[PDB]
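Given the sequences, and given the hints that come with them, work out the whole structure.
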Amino acid sequence: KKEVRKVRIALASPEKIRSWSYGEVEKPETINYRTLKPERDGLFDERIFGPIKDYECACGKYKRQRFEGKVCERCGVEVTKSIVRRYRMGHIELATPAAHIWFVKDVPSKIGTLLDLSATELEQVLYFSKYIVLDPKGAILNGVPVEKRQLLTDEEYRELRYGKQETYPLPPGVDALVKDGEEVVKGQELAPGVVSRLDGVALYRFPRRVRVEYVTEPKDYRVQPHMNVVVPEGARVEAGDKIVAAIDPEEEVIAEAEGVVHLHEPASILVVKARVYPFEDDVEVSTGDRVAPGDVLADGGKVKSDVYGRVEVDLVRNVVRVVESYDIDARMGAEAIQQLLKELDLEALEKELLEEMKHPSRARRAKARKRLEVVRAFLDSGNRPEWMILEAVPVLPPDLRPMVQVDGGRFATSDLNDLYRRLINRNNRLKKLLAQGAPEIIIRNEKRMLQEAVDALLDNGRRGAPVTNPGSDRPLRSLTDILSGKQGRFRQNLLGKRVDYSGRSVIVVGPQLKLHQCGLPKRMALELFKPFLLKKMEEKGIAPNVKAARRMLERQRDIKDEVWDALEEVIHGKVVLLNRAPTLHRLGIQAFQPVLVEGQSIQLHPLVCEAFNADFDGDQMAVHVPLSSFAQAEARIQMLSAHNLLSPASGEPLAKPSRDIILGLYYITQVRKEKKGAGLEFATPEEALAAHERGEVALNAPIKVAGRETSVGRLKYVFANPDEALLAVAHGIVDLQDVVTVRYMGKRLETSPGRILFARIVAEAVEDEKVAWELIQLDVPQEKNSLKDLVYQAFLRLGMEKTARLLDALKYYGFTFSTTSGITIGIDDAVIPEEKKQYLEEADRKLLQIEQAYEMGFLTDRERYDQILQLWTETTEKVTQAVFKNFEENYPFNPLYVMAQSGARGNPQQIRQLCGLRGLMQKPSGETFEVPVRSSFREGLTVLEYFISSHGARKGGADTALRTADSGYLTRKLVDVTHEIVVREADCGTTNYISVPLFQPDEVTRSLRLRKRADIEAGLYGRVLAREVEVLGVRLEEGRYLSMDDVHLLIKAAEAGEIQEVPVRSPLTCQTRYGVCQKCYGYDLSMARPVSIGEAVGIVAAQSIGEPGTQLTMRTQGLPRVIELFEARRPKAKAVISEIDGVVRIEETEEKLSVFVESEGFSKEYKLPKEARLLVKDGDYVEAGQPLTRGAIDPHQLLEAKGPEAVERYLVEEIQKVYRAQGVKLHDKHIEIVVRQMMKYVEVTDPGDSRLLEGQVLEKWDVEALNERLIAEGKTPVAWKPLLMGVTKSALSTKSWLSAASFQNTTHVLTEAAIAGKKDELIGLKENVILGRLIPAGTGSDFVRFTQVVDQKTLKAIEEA
Amino acid sequence: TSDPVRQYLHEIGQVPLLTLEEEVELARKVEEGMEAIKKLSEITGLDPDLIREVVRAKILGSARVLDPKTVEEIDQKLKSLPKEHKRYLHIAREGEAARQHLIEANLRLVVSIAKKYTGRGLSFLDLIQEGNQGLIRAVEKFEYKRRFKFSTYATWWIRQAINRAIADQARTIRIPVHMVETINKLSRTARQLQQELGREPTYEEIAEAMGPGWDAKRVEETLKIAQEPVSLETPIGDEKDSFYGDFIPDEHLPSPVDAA
DNA sequence: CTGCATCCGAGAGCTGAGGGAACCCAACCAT
DNA sequence: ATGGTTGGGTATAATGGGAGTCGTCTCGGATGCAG
Ligand SMILES: [Mg+2]
Ligand SMILES: [Mg+2]
Ligand SMILES: [Zn+2]
Ligand SMILES: [Zn+2]
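Each protein sequence line maps, in turn, to chains A and B.
Numbering-wise, the first sequence is residues 2 to 216, 340 to 1239, 1253 to 1498 according to UniProt numbering.
Numbering-wise, the second sequence is residues 77 to 141, 151 to 345 according to UniProt numbering.
The hints are all genuine.
In silico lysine-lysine, BS3-like type, Cα no more than 25 Å apart, as pairs:
| hint | chain 1 | residue 1 | chain 2 | residue 2 |
| --- | --- | --- | --- | --- |
| 1 | B | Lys115 | A | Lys366 |
| 2 | A | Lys366 | B | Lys171 |
| 3 | A | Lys556 | B | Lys226 |
| 4 | A | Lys1339 | A | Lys1304 |
| 5 | A | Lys556 | B | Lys114 |
| 6 | B | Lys134 | A | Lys556 |
| 7 | B | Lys164 | B | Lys115 |
| 8 | B | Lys134 | A | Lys165 |
| 9 | A | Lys555 | B | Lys154 |
| 10 | A | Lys366 | B | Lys230 |
| 11 | A | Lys111 | A | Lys1432 |
| 12 | B | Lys162 | A | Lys428 |
| 13 | A | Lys671 | A | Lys659 |
| 14 | B | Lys154 | B | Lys164 |
What the hints contain is simulated information worked out from the structure, not anything from laboratory work.
Spelled out as structure tokens, the structure:
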């Protein structure tokens, strides 16, 4: 079995379809209503699709195996596996060709481009509204000859094909002013009140009376509608002959004697334009035959035709009349389109467009290029255009459109069966009508309906009203509906599946678990590991065989005790995967060792809750079991929870103490401060001790003795080592928060027993005293940031195992000390400062002043509104400051204050709302109210303030609700556009780099100010130095990975003015195909070491970018700005930039304003709205691409002006601005990868000596390779310009049709791929996932997946051999 | 552009109708054309259907794509026949043309009858096309010697064609015409009983009202066999993500445990 | 022959759990 | 040997249908205007 490497898609010929089919479906019957067996020649017949039962024909002659390939003579059913019913197709032979709607309705239509017909014309021809001309045969329409590919309405064709034959109903009993059979010119009156309008003869229809002479005298006979006249006009009669033949013997009119005949009072007149020819013998051409000039008609050729027309021999007068018509050949519908398609010669058309490509017109050139694209696709693929017209329609196998009996006995069927039934009914009716010689109106209607049925089968609900089943408004789902959409095959069954060996349950906190363990209920483990448990019980004596084990395990009450021990032995060493939806980053799935617990809840470690973004208010998580050795190895080595301690997005610790742990550590590591002594002066320490003993000074009061600050605690309690200090704490002599002097590590430290205990905890956790002493910060309370830094430093210095041990010890001790700390929340703990009252009264003062200033005309409404807002904002800020100063000075251990300061929970704004006041509120229109909320949540709100705050609450809720969906969509788009980027080699060999700056222009352009430390870290940490750097007597060599310490060293050097920018490698300049290299990427941020070859960095980058957007980013600003930047949309607040260099000269008039940029070569002008704001001043110099107005810059204009690098830097910086505004840490690498994918394409300006066309967009690498080969051969290189397209359009333009088809716009991608005959090489990850293959990443990378392993003994044996 | 019903109606309207004189003329032409066809069949000694096919090909012309060589050969094989016996051929050609005009002019009877048959499982256009099929049959079998108007003979054929099409194409599972009529009788009897008695009737009452040969058991079976399959994509729940067919298990293929 | 500039139609918008209207008439094939 | 099925016929005159939807945004061809 060869391996599958490529997948090709192409158009299918009618021959191919007929070779696929096992037979034609001739009847619309589905199943018999009595026997529930398939009907012969129906949609489920077993002769075509295969038997329902395995190895058993329909009539039962054969019911055993070995008959493979044998077809029963009686029933015609092959004997084989029944599974063939889901593979074998059928087909329907159309009476008339029908057009494939995919190639008709996808704008622009492929048939329209090939046949140079607009969409309206194509729709008119295909759906039987207008004719199209083939072989005009020299016809004349309105004096102009008709030419091929001309569209005629029904009226022009009927005139050309048949002629003009007007009829006038002459009133009964009125004679005509003309006689039958004489040429009548236009305007010659045919009656006293009827006038002709066309040239030609007038013909009598049902003359009301007949005058017959008799040898003379006349006689009159009345001619009634129910009878006809036989004798021709102006023909003599004989005696006994009949004139007015009748049905009734008594009513017959026989001529008495011989006389002439005349016909008067005609009922109607038929005026035609035709020629007349008498004859006296047999004629040659009969009615309905068309003749040409100079053709024999009668009399052996004596009479000859002079014009083209249709001949009809009127026997009544024995005269041949030729009506002027032509033999023009106009056809309708897909048959005509196919006939036009087969006559097309592609080489001549290609030459014609190549000649057209020399036109000075740009629009003509673009249209010709668009036509050439499809023409060349057809020529290269080898597909024939006529294959876009269907002659036989394939029929899907029945098992994919099942008709099944539900458990309740009713029937359930697919809509495809009804669509096929409609198609078959219309096809059969068309065949019957064609076999009957029906008139052309009925046939045209039948063909229109057949075309509409084919369209509904292929794409229902695209043209016109969708087809629905009677009694319902639900449109039927066609094959395309099955293929595409959120519920379609690709997105619902190929990129994601339901799986076995899985479960789900609610999660519960697992504080006693280790970092790598999770609590699994016994029942879940028994159900999940059932086959392993059966095998292990087989090993023991619990069951004789697997079936006995299964029956025993089947009933709950039949399970014993030893089976639980067998299960415990089964799961020994194995891990399971835990997953919480939604999975925003890779950490949403993690591997854990299961510990069997009682109950029904999964127990989760507290330290992974932040990584999972999981809480314990009802959240549920799913459990999966990796089966094979490879899966278990991957889970244990790459997905273990203890092995994933740093964030892949920022490199900062992600599994870290949180919530109660910080609270406990901060409580035990905080030191008391007292005011009883309050800096009193003492001369000798003994006096201080006596004062403390008398009760005059506090134990921890900051006193001064002999000119140096100290406290009574430091002098009274001197401990030799930590054990004595902790023993004294245990006896109640001192508390954990008292400051004493302790001898530790050979030094005398003025510290508290709590800080010593924390140091001992860390040192005993890491099993190293010197390193632990180096890592910790002793002289500060332990809070979130210090603990995170400690975890990061411990990781770097010792490794992930010791970091996990330290984390577990910190968690345990934090919980233990948080339990006994005495943390609680009462109403009196939200202390309201007294200053608040004053702050309010002051405001109430200024308010009055403001009102006065408004009543005397000095202020308008707008100014007063702004002043009120400003005053209340400043009051709110002042109240915040007063609240926190009060908390720090009077109640240093207040629970809310400790929670806010330690970082465990809460932010200053919430504390201010709790204590001081809520503040200003926004109306639903977005503008602030005039009165603020002056009540806090402790005092209790009134109804009105609560109601006004409801506006902001509701707006925030709705904002969240929309933001989550928009962020999910953005994450999906980013993952789809970057999914193919992998680390594929060690070094691409490039010499390009980027220069990361360290100083940014000031907002007033005063000078360059140093960027924030966080931004420099995010832009420099982990990168590879492109060039050597000399800073502070330190030589950073080329190719060095920048660790955090190096980043700090460069920042310090920048603060000393020795350096202004850093040259580094980046993915933006990497040259590896379909990915990046190890050096151009840098660190794997989750391990603080160079990234391994084979890492799927595109998916990681996309997830990393998308994660914060949900919820973290709020909503020109916020998430809309990120969406606009990643799609390269032109901003609606667009600014004006200078395309060229020059000096600025602002010219302002009383009505308009403009800016002229005058360089040394040329002087350009920019007209701008007067309301705009200018960033320039008269007489300054601006570079290309610098802005002249405030607002967002259009990326395409910047690309035109400066080039690719400037746009790269602008996009990266602007995308990072939004994330930095929210406080989110995110490395530049991910955005750089996304931007590199964003700018993947170029446009050809001059093809040179290549086969490419001007304006053809193509991948940059391909054109570079083409240029390289061309210069090697000695030709003219192709000239190209870079392009920039949003993420959606970049993703839809990829080479792989599978990923593009599974992304979006499925019909367009599929039709283009089928026309082009594209081959999918399976380079990216999605195609391999769709095919169920091993992805070319991780263990599936070619760099690592061929490695072998062997011991020394076997290797030596092979060496001897 | 869209709405094919409007296009079809406009095209039908572009053809004028006939008056009594025109109708009798066309019918008489049709009759003499069939008589001439039979006379030519006797004269040449050939099977009538083949000569009919030759005449149809000649009226329709080269435009209508039986092959050109055969029809041309026999066309000239009839031109060999002597005069006096040739008028029949021109009469047959005229009669075939007359059939074309008659059908085009009387197409409106199809729409007029069929517009009151909507809502029986068949769309309007299928009803109309089947009515045109009945109209062709009525035209071919019409005898004008009875002096009856065409509408009288055409309406019966139209109703028969439409009703047969309803019985054959209204249901996914084909049920014979007689059983469909039986179901029709059952439904009308049930609704009449419900209307008179004022509540949903029981099976025994309907069986008693049908007459001899009908019991409650047969009535249950008849209602059972009149059931139509449901769609696998019926939306379940508020959100548009759960379908009925997603809850249907396979009971045919062996399970992994059974295979092991 | 450019360039603007609306003008119209097409195709998308988080996961997961759970969702419940005729009658007759007579020949003819399967089993 | 038996019912259930399959196709054919009905004669005053009968002649252009009928349902309908509204609180979205963004992108890319298509048409018509000034220069
Ligand atoms: Mg929750
Ligand atoms: Mg002491
Ligand atoms: Zn058989
Ligand atoms: Zn590289």
